[PDB]
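Q: Next come the chains, spelled out residue by residue.
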Amino acid sequence: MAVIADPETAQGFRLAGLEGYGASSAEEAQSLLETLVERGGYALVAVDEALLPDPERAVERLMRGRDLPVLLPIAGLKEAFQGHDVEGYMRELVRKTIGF
Amino acid sequence: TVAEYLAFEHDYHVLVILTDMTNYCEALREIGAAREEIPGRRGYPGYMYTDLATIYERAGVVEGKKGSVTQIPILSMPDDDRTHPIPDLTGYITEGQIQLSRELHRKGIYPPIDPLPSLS
Amino acid sequence: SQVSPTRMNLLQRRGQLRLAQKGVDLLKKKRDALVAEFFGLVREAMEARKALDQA
Numbered sequence: 001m002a003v004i005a006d007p008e009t010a011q012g013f014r015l016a017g018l019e020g021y022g023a024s025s026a027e028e029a030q031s032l033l034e035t036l037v038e039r040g041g042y043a044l045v046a047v048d049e050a051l052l053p054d055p056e057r058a059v060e061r062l063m064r065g066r067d068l069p070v071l072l073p074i075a076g077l078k079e080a081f082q083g084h085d086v087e088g089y090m091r092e093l094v095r096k097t098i099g100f
Numbered sequence: 240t241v242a243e244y245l246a247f248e249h250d251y252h253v254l255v256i257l258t259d260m261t262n263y264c265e266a267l268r269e270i271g272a273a274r275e276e277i278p279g280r281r282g283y284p285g286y287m288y289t290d291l292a293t294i295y296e297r298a299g300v301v302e303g304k305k306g307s308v309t310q311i312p313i314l315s316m317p318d319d320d321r322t323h324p325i326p327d328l329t330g331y332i333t334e335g336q337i338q339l340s341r342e343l344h345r346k347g348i349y350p351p352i353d354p355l356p357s358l359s
Numbered sequence: 002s003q004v005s006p007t008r009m010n011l012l013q014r015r016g017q018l019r020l021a022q023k024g025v026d027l028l029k030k031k032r033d034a035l036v037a038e039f040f041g042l043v044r045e046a047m048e049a050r051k052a053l054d055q056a
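Chains as they are written, first to last, in UniProt numbering: chain A, 1 to 100; chain B, 240 to 359; chain C, 2 to 56.
Excised from the complex, chain A in its bound form:
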């Protein structure tokens, strides 16, 4: 029900529901993400990996125990997706709760 990515794919998302708000107004995307969660009427906000959507410290600061839209890194672009599997694997594993 939301996305934060480059405008050519933002309007692509807009093509069939699920309004897209292009990254031409927030490349850091913190401002647009905060505004979208402020309006709050969305079920998820898939944020592109412009720089990084992983540090949700301030996002969960503003939420603080909420059943709000679920942050989810989506992609950066489509040119190669061969090692992204094991990249997400390692990162979700070691940086989240379970050690190593």
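In short, the hints are calculated from the structure, not lab data.
Do not rely on the hints blindly, as some may be mistaken.
[Said to hold, decoys possible] Taking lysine to any residue and the SDA-like style, the derived pairs with C-alpha atoms no more than 20 Å apart in a straight line are:
1) C:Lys51 x A:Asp67
2) C:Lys51 x A:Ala75
3) C:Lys51 x A:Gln82
The hints should help you fit chains B and C onto chain A, whose structure is shown.
A: Coordinates of chains B and C only, in the frame set by chain A:
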């Protein structure tokens, strides 16, 4: 003695405040030790139940007369132990008790009377 | 503050020690099952991301 007199002879209603029964028990233990008389439990001699009873049971009410004698023996449980011989025997002999609470005294309550362990 | 009265509490303290050890060795057996499920879920996540990349 004075209380029983002024009650069962002149129809008064007395209220005897006995302070620091621990010092009385100490003098008792000292004479018993210097007498070498088979320490009962943790120092204090064997007949301490008899002695405390002898000076507690002097407070009641009779029929025909109208006087009365009621007591409030203050006593400081030494190390905050209800299992010390002095509080133990005193609780076995009297009928009721009121127990203060140091934890409640910390938080400014007054009177810090712990209401659970104190019955009548 | 003050240690509890000093007899017949020894049996109670040994009982509490036994209960604490039982608790530790039960929590371990619960964590074992938690891991045995976590690994299957981290397996399924790979296929999910694969289909996402495909689409």
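Q: CA of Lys51 (chain C) to CA of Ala75 (chain A), is that 20 Å or under?
A: 13 Å, holds
Q: Would the pair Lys51 (chain C) and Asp67 (chain A) pass a check requiring their Cα atoms to be no farther apart than 20 Å?
A: 27 Å, violated
Q: Quick one, are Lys51 (chain C) and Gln82 (chain A) close enough, alpha carbons at most 20 Å?
A: Holds, at about 9 Å.
Hint compliance for this structure: hint 1 is the single one not met.
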